[PDB]
Each structure stands twice: as structure tokens, then as C-alpha cells.
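Protein chains: 2
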Amino acid sequence: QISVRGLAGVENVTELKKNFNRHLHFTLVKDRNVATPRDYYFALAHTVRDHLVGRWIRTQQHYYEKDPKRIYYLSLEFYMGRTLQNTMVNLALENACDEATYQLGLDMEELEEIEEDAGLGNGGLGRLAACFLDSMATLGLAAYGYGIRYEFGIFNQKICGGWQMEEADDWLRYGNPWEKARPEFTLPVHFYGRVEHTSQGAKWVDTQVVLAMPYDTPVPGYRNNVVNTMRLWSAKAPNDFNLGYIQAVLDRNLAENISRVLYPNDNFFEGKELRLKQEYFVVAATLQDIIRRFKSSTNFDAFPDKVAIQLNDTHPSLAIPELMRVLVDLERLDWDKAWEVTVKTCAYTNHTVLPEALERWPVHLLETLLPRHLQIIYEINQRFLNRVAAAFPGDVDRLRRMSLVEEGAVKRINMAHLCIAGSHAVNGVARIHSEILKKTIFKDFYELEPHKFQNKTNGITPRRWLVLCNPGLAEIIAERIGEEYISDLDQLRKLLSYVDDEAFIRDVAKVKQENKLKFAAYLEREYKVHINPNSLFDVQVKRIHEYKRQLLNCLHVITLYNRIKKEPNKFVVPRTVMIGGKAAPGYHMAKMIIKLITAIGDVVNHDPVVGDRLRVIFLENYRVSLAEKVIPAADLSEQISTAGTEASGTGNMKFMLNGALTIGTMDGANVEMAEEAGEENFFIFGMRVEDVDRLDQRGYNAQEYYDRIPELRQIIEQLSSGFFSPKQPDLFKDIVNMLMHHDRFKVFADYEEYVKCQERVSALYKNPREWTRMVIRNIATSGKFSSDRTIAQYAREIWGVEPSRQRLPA
Amino acid sequence: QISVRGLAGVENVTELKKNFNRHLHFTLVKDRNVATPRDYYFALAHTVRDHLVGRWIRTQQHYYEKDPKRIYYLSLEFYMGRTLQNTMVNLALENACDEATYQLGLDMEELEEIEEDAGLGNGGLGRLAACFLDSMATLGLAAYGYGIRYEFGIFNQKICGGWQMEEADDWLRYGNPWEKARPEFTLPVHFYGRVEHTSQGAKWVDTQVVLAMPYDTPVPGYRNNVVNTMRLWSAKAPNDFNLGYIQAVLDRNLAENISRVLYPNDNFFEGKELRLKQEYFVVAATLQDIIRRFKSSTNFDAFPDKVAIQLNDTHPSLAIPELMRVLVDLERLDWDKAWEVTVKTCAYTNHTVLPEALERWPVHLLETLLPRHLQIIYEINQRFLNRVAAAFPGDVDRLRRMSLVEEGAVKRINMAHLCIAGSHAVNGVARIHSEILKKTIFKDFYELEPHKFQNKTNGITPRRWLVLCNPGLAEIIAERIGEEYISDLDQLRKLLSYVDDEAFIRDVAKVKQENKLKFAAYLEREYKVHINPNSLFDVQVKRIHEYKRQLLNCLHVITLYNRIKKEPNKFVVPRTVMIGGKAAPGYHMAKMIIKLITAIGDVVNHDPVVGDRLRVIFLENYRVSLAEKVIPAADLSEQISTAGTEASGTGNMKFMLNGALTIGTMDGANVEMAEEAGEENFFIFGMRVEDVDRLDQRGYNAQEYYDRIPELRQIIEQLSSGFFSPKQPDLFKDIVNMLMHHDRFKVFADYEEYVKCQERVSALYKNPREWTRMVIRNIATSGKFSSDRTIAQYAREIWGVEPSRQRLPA
Ligand SMILES: O=c1[nH]c(=O)n([C@@H]2O[C@H](CO)[C@@H](O)[C@H](O)[C@H]2O)cc1C(F)(F)F
Ligand SMILES: O=c1[nH]c(=O)n([C@@H]2O[C@H](CO)[C@@H](O)[C@H](O)[C@H]2O)cc1C(F)(F)F
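Those sequence lines, one after another, are chains B and R. For the first sequence, the residue numbers in the UniProt record's numbering are 13 to 255, 262 to 315, 325 to 837. For the second sequence, the residue numbers in the UniProt record's numbering are 13 to 255, 262 to 315, 325 to 837.
Think of the hints as simulated: they come from the structure by calculation, not from any bench. Hints are supplied without guarantee of correctness; some may be wrong.
All copies of an identical chain are treated as equivalent in the list; a pair is satisfied when it fits inside any one copy or across any two copies.
[As the list claims (entries may be wrong)] BS3-like, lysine-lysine: derived pairs with alpha carbons at most 27 angstroms apart:
1) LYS593 x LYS783
2) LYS754 x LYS593
3) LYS248 x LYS170
4) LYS170 x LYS618
5) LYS811 x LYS521
6) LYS30 x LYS192
7) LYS593 x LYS438
8) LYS470 x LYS793
9) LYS248 x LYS192
Based on the provided sequences and hints, a complete structural model is requested.
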């Protein structure tokens, strides 16, 4: 049907169908009469997975013959989403399978909706990992993603009476056709025990053994026949485990709990034992796999020339003392040499500056669970602190501030400090975030070793985030400039010579109308709710957090509703406001925010006076495959965190790429986005980082805003008096309370300039053709934000490998 | 190579190899250079499983078009063992795959040893189920095996210091290529709650829901293209289960425990909740599957014409009140009609008369767990007892003896009584066992309904138990009489006209020497132990139990050792004594017996005076695939239970079929075996049932035997004084104690006649040619004991279906 989806050759289509019928018969053991759409998805899924394997085997062999430096990306999160379309895309099979399946009298898109998301992450940080792996394959790097194969991913979100209900994400119920279990590479992981000293150094003994079993999942690069591997460990009990007989067997579950469930907090540290075990588990099993692969090529001098370990935040920071452990205790290298190797091997990426999000482990946990690693940590601290003292003599304060060990009621290990000491590079995730690191929380570490600190502004993959979710737009782009930009997104810049082209203007706007028409019909079919598609689609999708300021959005929405009710026969530009995302189960405030958003919808959506000029929809169960739908259909993207709090953001980049305009604050990657499009093509408002600093010095008093702004006073009065919750008038007392006395995020201080900016947004929307020319200016400048650029920067400036766009043979 | 293993056509062999290479590449994602023998087993396993599926699909369809009466075999045990060779055998692919694999430079037998046993049973009762399913397929019955898919089967046995150690049988670790998960037929099962009465009858409410997910495994018939299904349920938690978030998810394990592990007692009832849940689970999920299949053909009159449910002992006896429940509470039939349907549908097979082995559930368990079924049970009891009273008025004793409800300190439900009341046929498992039922424990029930009581003497499958484990003997049999006897074992009788044939005599004896030579080399390779293959192979293999009288065997072995040490230069016929089997983890006495057997070996096997005239080997980890090896290599089969205790036995039949002679008591099926071969061709000794009865009346006093038999006195003195346990002289005080004061099984009373009989055994062994002519007389008469005969009897006399030996089309 469409160009970018590749060739549908007679030979390819006839071969596809015969393999589909082979899988339905031999693999699924069904025939046409009994099969359900789920059997059809699986037959297609196995048929597509057949095209991977040859390439998968040839890529693993290529890397053995050629022996290049290997990248190991340790993450506790890989938010993969669905695999079938992405696989077809990267193999150029999309139009072929479509044809083949239409010929068997099936609808391929309806099959695609049966695939479960692999939701092995919470949001941005897990999804960065997924985009990264795609980019690493497309750029021919010899790279491995390592993590944990959780039995249960991010919970599925239900709304009941406007409240969030969490049910378990049993994503493996029907089988995962993409993974290959590999029990032959099972590896022991140790916990507890104690430390013995001998003539021959330290020995860690009397440990409990948990087995780690790997499952490998293919990661195809974009049309270059590279297929890399993501390896996820699963926890297994040993067979003499505890070995009532019955109870002994039942208690095998205790050990296999380690990989059962993904912890559901975004940007919040919870210091639970189970979590620390999961972190140790992935680090221990992965390092032995790494060392084993290094050995099959005695000499660890070349270890850093052959291995790179990237730590995705502090979650796998125990890699550092674990590598020392293996090197010092098991390979018998002396400390100083081991340390040299570790530092040159490891690098660390920070993803936040929020104090509550930093991992800080109780010493009493590590001591029980990992007593040797505690010994190694102390040893690292001592030697570190002697360097600090040598360079800044007499500065006792700096010494306590830099210690990996925090003192106080309960001793903690600051894990961020650990990573800086033991890594050769440390990077933030957008330019303003990297500066903040150097100016504030890592200032002391920067003065000691200025050379470690870098920046690597995030990116997203244009394969999923354009070609896959938006074939309409990809295609009209391709008609004018060719296919090449799919792996070279800078080329989008050539779109700038089409900004005054009448035919392109109409095509950009038509794709956007089509995506809206389709999403509005998804909203009726799957969720029985009725929206006007001629409105401006104003969407905020992302995890629910106070710093993300969903409440600021709520305040805008109430304001519009109030202005409509004040002058009902005045013309307003109609909007559909959509707000979505999960709240972590224990994050009370977050869950109250969700309740507020639906409460506003219960009032606004049923006012006859409002008409369909204003609708508030809470988008239920937000996740990767819902992002693929809503993001293409958006006109306005809301990126309205308080300046200084959102490390980078990546949703911001998804929308820019897909024809939405951005209302946002000067935060994280928003800053470079505006810089790239020019500030005129962006809706920027509110405090800059320095303005927030000015406000903290004299102090934030919210009462002042309540006092000087009647429109805002009225909203608070409405919240308080039970206007949005008539049956429980004091349901929102917590929110009003926080807003008034304890708002760490200065919601009111930005309210006035936000509403004003919102007016300017409505004004451009009134003029379709200028709206669209500005859209073109955004899309045309979105190239910087490709994860291809990001990974090429990691490769040259951190890992020491040259990327390569050359195809491997078929 | 050999005839019975079928054709190896050029076309079949070339097709086999290409599919082997396809599976290794696409399914296993390996290539020749990296593959290990386990990858090779799997590629062959998938290649063979490919030949099943077409037939599997065609058989399920045939049964839908033709709509015959369906047999449902409910068992808590299916002791399947390995699947690959059996599958090849029944498909006639054996020589072909052998050729194909030899051509790829592999050894097929070495691949076969990598398959794990499916040890989803404890011994005879689970293995009867397996033989039955094979026979049901071969005889074209539309039959389904239903049970539980345990994650952990019978534990693997290790010996450490001569003691049994149990480790968990993680049989699913590497995948099971034979099963197909079918999550689309998942079904809810209810537990707990309470009972509400309405206008509209009883309602069972506030229950906990456990999901039951089926896995289907193909059961191929012998060369007739029938492939039936064994469906095993697996326990799954629902997704709103309990829905800390973390802990809620972790606690999903509680519900999935139901199918985690197989209970490891043979012939012993343990009244644990977990076990009763497993029993309810398989019954509930299976009945709904049955009813659903009946509906896809309102009217339950024809239910018994279309459904048969066979209850393999009392384990699935809740089928009875569950069927009433569904019929009465859910389908709204009146009681009397529901009851008529149930009785005509259900039939019950008893497998023991040992009081400690009968299931007798505490009323306080059923009341909490299954409160409605308790109501139904009481209702069944009342109506039952009114029939008894009507037929035997004034007999108050009979009333208390027959009650399904036993009174006393804790109320119990006698489950055997339940099955008799609600079944139309009740059968024992050999002729003497069925009489004992009628004369003793079910005497009252027989007087009430003489018409229910039948006999169905057990059998074994000649496919596994001859063709598969013994191709040497199958082949020489085939050379003289043809292949036909494989599905018609009566034909073996034609062997009787070859008893004086010199060429057949030498061939029978040569196969036996070959099997011995091969087993002796298995004993060195896999277990570093050194046996003389010219000895008589004297083997007792079966679960360890007091009633099986392994101790009687120990007493014989010590006697021989003592007679050798008394006259060392006297000639004895050399023996290798092999004794094997597992003891249930909590069965103390059993575990002590194992310790005794190895202790005797520690003394006997290292005496230089003994030479290699006597060796005692404990055969470690006895299980289905070890039976396939040792049984063909046996000269003497030990079947020496006290008369009246072994319901039937099936090992007895395996050995008879494979050229061993039998030393045994007149117990269970031994009685019909001797009757079929003639008593002269059998070594029969010891008390008959009536002799044991005579002894119970005057009372068993073991001291008398100790007093009158010096050879026995000496053995007890040796046991007591620490001769077999020098470091712990009183290690065997328990056994000596039991033997002397509390032997429920009258070991000493049989000792004298056992040793005498053992002498007559050694005497025939001295004359090879007469030994062998008697072997021929046994094998030639072993036909009655084919499970083909047994199942044909169930079919005609219980299920009301005509068997059929006609092939289905390819
Ligand atoms: O727990 C988290 N969850 C996230 O989504 N991020 C996100 O990580 C993304 C990846 O760089 C950034 O774009 C976002 O600004 C950032 O908030 C970070 C953390 C942590 F606190 F840094 F660990
Ligand atoms: O728990 C058991 N385990 C067994 O192996 N059998 C055996 O079941 C076999 C099947 O008929 C018979 O040949 C044996 O004589 C009998 O002991 C019986 C029971 C039970 F007690 F009847 F339930």
C-alpha cells in the first residue's frame, strides 16, 4: 500500500503464507476451523521470528571472528513494548506480511493488537534503554542489553469510581514467542554468608545460592542485518535447596521471588531488601557472563580494551565492588591494578537530581546481605578520601560531603558517590541537567576530576517513534526527500525548504487530521467515550508525579471551564484535554491527582452549557503501545515541569517528531528543542532555573498568589467547598493543603504566565496554515533528538568504538 | 538394523534429516559448532513430534464427526516415563530416525538418555494409568486421561552414607517438547466460601477462585494413527488476586502451590489440606471440561450414554458430589434424576485393602474447604442408609458399618464408601483381590448390591514393556511367529511349540546374556560398581514398604553369606542380588530398610572369602526408565509380599514377559500368572491367605520362629550385636524390635519355606537348558497380562463401548 513499508514480492508473499500455514499446523497444533485471532497472531509471530534467526546466528558469529570491543548496557529496566511491528519494520517485511495476511483473509493490524507489551519498565528510564538498544543495533555496535526477566511488569491501571486500581501484568500467560530460554548458561549468584580471612586473602562463605537462568531476545538493527541480544536473567532455586519434604519444595518460591515483579516507583527510592537483591542478582550474573566471554578470546590489562560497562543510573552500581571482588578475591590481582581496570571499564549515567530519588542503602542491609561488598566499599572510601585530602588539605567539610558513607541516625551508602569514584565518565542526560550536576550536587566531585563529567542529551528512535506509529507522516516526508533520513534524522532539515509549499502544508495537515480521526474512533470502540475531532488535542502523558505538574494543567482546565461559564456565548477554540499515566501504588498524592482529573471530567463533560467546546479525558493504562497511538494524534504537547526538576524528558521529543507543538518550561531537553527550532516556534513560559533559585532564597509563599489572582482564588475556593466532589465536600483538602503550605514545586508561581501562554496557543490554532507552517519548522528541526546521535556520542566520547552504518551480508 | 523397528526408506530418511536441521536452526537457534547433545535430543524430539500432530488433529476431528461415547480416566497419577522412543515405536519411525541420525553422525541411543522421565506418579497405580492410556489409544477408544501437571514429580533418590537423600525432580527445567499449553480453555475452580439458601435452592458464595490451565500431551496408539489426549491442569492465580502491592503479587504463589509437587506416599494416607485441594482441583476443572464437551454435540438423560468417568482409586472421588452439585445447583435437575445420571456415569477401581492406605477425610476439613460438598455428602448418606435399613431392617450395626460418615473422636468421611454408593461398577485389580473385597472390607456393600462388584485383573503394555525395552527378544519372537502379537499378546502362546527347538533355546538364552552384559556395563559407566555377569541376576524392584517384604529378602541374603562363611570351599551358584526403590520421605521404617540393604553390601561386597559368588547392590533412583533397563536383564523376579496384601502387582508381569522366572507367594496377580504358566514353571512358597488368617486367630508370635530356627537366630544376633554396623552397634535395634514384637507382615513365618524355595531356584540355574525351557513356558503364557486385554474388559463390561483394531487414515 505505502512506500516505506518495503517490497511485497510474489516470491516473498507466497513463502510467507506457506510458513504461516506451517506454524498454525505444526507449532500451534490448530487448523483454520478452530483458530482464534490469538492463534493467528502467533502463527504470524513465529513466521516473522523465522527471518531473524539466520541473521541472529550470523551476527553472533561475526562478533567472535572479529572480536571487537563489547558494550554491556546494565539496566534494571527495559521498556520494550510490542515486538512484531518493530521486527517487520527493521526487516522490511511490513508490506509483504500485510499482503500475505490479507491473502489468507486476515487483517494484520487486528493481529498486532493481540501482542502484550513487554512492560519491563516504569517510564522514561526504561524506555531510554529500549531506544538505546535499537540504536546500538542500527549502528552496528557489538552490544548487549542485560537486565532481569520479570514475571510481572508495570501493573495494568484500571479506574474505578475515578480512583486507580492496580492489577498484575501477567504478560507471559500465553507464551512469549520472541525469547529463547538458554538453561545451559545458568550461573550461581551468592547472598548472605560471612567473610573469612586466610593467608591467601578473603573468602566469602556459607552463602545461599540462587541460580540465574538467561533468556535471550533478538534486537534487530534497521535494514542492516545486525541482530544483537538482550539477555534477561530469571531466578531459579537449586535442587538440594533446603534439601517437611513438601514444605521444602514449596519454599523454592522464596528464591525465585527475586525476578517475580518489577518495582513500580518512578523517581523515588524505596529501601527494600527484595530490591537490593534484584540489583545484586543482575550485576553478579552479568559480570560472570562478561568475564567468561572475555576469557574465550589470564590478562586483565586488555579487559578495558575489550569490555565497556554502562550503568543506567545507580541501580546496577554494585557492578563496581563486584568487579573488584572477582578481580581481587578470585583472580588474585592486587588492589591498585584491579581498581585501574574497573575505572577504565565502567561509566555512569545520572538521570535525576531529586533528593528523594537517589539510592542510599542502609549499612545494616549490605552488611547482612553482601558482607564482602561492604568491606570493599569501605576500602574504596578510604582510598578515595585520601585523594580528596591530598588535593584539598584541611578541608574537613569536603571530606564528610564526599564520603561514600553518610553518617547520622542510620548509616547509608550513597550509591551515586560510589559510581563517580569508580567510573571514568559520568554523564547527565541533557545539557542543562549536566550543568546542574556540575554546579550543585556533584560540584565537589567535579572540582576533583573535571575530566569525568560529560553530557549526552537523550534521544528516541525514529524507527518506532515515527516509521512505526506514524506511517502516514513518514510517507509524505519520504515522497519529498527519500528514505535515507530514517537512519539519519538530520536530513529532516531539508524539510525547511518546503515550509511555503502549499501541497506539503495540506499533506502535513491531512495526516494530522487522519491520526486524530482514528484515535477518536479508538476512544469510542475500546472505551465508549465521545470526542469532537475538530478540537485541539491537548495531551499530557507521562508518569504522575508532583514535579511533572499535572496539577498545573488541572488549574488551567478549571480556568477555561470557569471562563466559559462566565460568558457562555463567547467563542473559544474547542479543546480536548487528555491526561494519562500511572501513579506508583504507595504515592498517595499522585493517586489523589488522578482522582482530581476524573472529578473535573465528571463536572465539565456533563455541563450542557459547555457544549463540546471542552472535554477532559483521563487516558487509562498509559504504556508504550498507547503512546504509539495518542502521540501521533496530538496537536499540543504539555511539558510543564518546574524548571530544574525534569532531567531531560523523552516524551517531549516523541511529540515534536510527530507534528505536535510544545507548550513547556525551560526544563531539561525542552531547552535544546527550542534552541533547535528557534524560540518563536515554541510556546515557552514561566520561571527559569535562576528564578526558582531567587524564590527559594526569599522563600515561596503561595498565599501571595492566592491573594493577587482572583481567577486562582476562585479555583481554590471551588476545590475546598466541594464543587468537584459534592458527596464528599472535603475530598480534596489534601491537595488544597499542599498547594497552599507545602508545594515543593511552586505550582502557583507559574500559573499566570501559563494561562497567558495557553491563550497564545489557542490564537495560532485559529489560523490553520500558520499552525501548520510552525509544525513543519518543529519536525524539520527534530533531528538532534534521534537516539542514533546520542549513541554515536556515547560510542566516540565514552566507549572508544567507531560506529558503522555498513550492512552485514544476508 | 532389526525387523520390528520398521522401514528405513530413502524418502523417509532424507525428509527426517532435513527437518532435524530445520529444528536445530529455527527452533533451537543453534548451528552444528555450538550444539550439545541436549540440543541434538531436542531437534530429534521436535522432528518426531511433527509426525504426531497431523494425526492428533485428525483424531480429535474424527471424534467430533462420529460423536462416540467418551472415556474419562481421572487419576492423580500418570507415571509416563520417557516419550521419544515410545513415540517412534508407535509410529514405526524407529529405524528411520536411527538411520537419519547415524547419517548426521549422531548416536540415537545416546540422545534418548537425555530425556527426563515424566515421573508424575509413585509406582504401580500411576503406571497402570500410563499403560492404560497406551492401550486405550491402540484400541481406538475415544479416551481422555485427566490429571494434574505437577511442577515437581517423584523426588530423585540419592544415597549418602547408605541413607536415602531426596532432591527435587525439576523435570521442566529444560522445556517439555511434548506438551501443548492451551490457555484458551482456562477454567475457574472454587474453594472455601459458604452456603446460602434461597427460594431458588442452594448457592455457594464468597469463594476463592483458582484458575486451572490445561496442557495437552499426545498419546499415540500402536500403528493405527489414533492419537488421544492426556490433559493436565496447572494452577494459576487470577489477576485481581488479593488486588503492599509487592506482597500481593508475591502471594500469587499461594494459589499456584496446588499443582507444585506430587505427594510422595505409596499406599499410605496423609490427611493434609494441600492434598485435598489437589484432588478437588482436578475433579472440578475436569468435570466442567466434560460437561462443556457434552453440550457441544439441556438433556442429561443421554449424559451416561455419551460419558464414562473412571475413578482411579478414591483420589478423585469428589467427582461424585461435584457432579451432583453441578446437576442439582447449576442445571436445576431434581435430586433423584441427578443421582441416576451420576451412578450410571461413574465407576470406581479399588487398588488396596490396607487400612492405613484408605482415604478418610476429617469432616472439619471438608466443611471449611468445600462446605457444599459436605451438604451433598450428608444427603447422599441419609438416602443410602434408608435403602440399607429397608433391606436389612433392625440391623443397626450394619447401618453404622456402612455409613459414609465414621463417628469417633474426629468425624471422618470414608471416601471408599462414597464411591461404592455412587458408582455402577466397582472393581478390584486381580481375581484374589476382588474376592477379598467381597469377603472382607466390602462384604456389607456386596450383600446390598452384588451386581456392582467385578474383577479386572491388571495388565502392562507390550509396546513399552517388550518392544521398547527389549528389541532383542521382540525380534527373535518375531522371526518365528510374525509381528501380529504386539497388539495381540495371546499369540505368544504359539511359542509353546518351540520349547524343544534347539535354535530357539539358544536364541532366548543369548538375548538374556546380551541384556545382562549391557546392564553390567551400565552399572560400571554410570555408577562405578563391578559385577560378574555370569551370575544369576536376582532383583527386587518396587517401592519400599513393609508389606513388600524386602526384609525377607535381606534375611535370605544374610543366610547365603553365612553359609558361604561356614563352608567357604563349597560350591554355590553365584548371585547378584539387586534391590531398588524409593521410600516415602516420612516413612521411617522404610528408610531404615534401605540403610540395612547397603550395610549388608558394605560387609558382603568386601569379604575376600566370598569372592564374587555373592554381591548385594542397592539400585539407586528406581523409576520408569531404570525399570526398562534392569527388567530385561533379570533372571529371578522377587514378588514376596505377605499373602493378601499386594492388590495385584504389575512389576511381576513385566519380568514374566521379559524372560525372568518368578519366586513369589500366592498373592495378587501372582496367582493367575502361575495358573497361566502352570505351577511347575513357577517358584511358589509360603502361606496362602487362609494360613495367614489361621495365624491371626491364635496370634503371631515371632519368638517361636526365633526359637526353632538356628539359622534365623544367628541373623538376629548379628543385626543386634553390631555386625553390620560396627561404628554404631545399635543402629538396627528398631528393625530387630519390629521383627520380634510388632511385625504386621509375618516375615519370620515365611522364612524357612522361602530359603528352601531359593535352593530349588539355584538348582534349576545349574542346568541352563532346563532354566531356559521354563523361561519359554513363562513368556509363552504371558499374554493374559497385556493391558490390551484389561482395557477390552473395561470397555465391554463397564463402559459399554466396543473396542476396534481398525486403522484411521493417514
Ligand atoms: O526512576 C527514574 N525514572 C525515570 O523515568 N527517570 C527519567 O529518565 C529519563 C531517561 O534519561 C529522563 O528523560 C527523565 O527526565 C527522568 O526523570 C529517572 C529516574 C531516576 F530517578 F533517575 F532513577
Ligand atoms: O497408593 C497406592 N500406590 C500403588 O502403587 N497402588 C498399587 O496399584 C497397582 C495398580 O493396580 C497394584 O498392582 C498394586 O498391587 C497396588 O499396591 C495402590 C495404592 C492405593 F493405596 F491403592 F492407593
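Each hint, compared with the structure:
1. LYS593 x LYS783: Classified as within: same-chain Cα gap 18 angstroms, cross-chain 114 angstroms, threshold 27 angstroms.
2. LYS754 x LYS593: within (25 angstroms within a copy, 100 angstroms between copies)
3. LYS248 x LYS170: between (32 angstroms within a copy, 21 angstroms between copies)
4. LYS170 x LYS618: The answer is within: 12 angstroms in one copy meets 27 angstroms, while 55 angstroms across copies does not.
5. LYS811 x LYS521: Cα proximity of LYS811 and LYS521: one copy only (14 angstroms, versus 88 angstroms across).
6. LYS30 x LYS192: both (24 angstroms within a copy, 22 angstroms between copies)
7. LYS593 x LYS438: Answer is neither: 58 angstroms inside a copy and 77 angstroms across each miss the 27 angstroms cutoff.
8. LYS470 x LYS793: neither (48 angstroms within a copy, 96 angstroms between copies)
9. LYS248 x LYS192: both (16 angstroms within a copy, 23 angstroms between copies)
Violated hints, listed in ascending order, are 7 and 8; each of the other numbered hints is respected by the structure.
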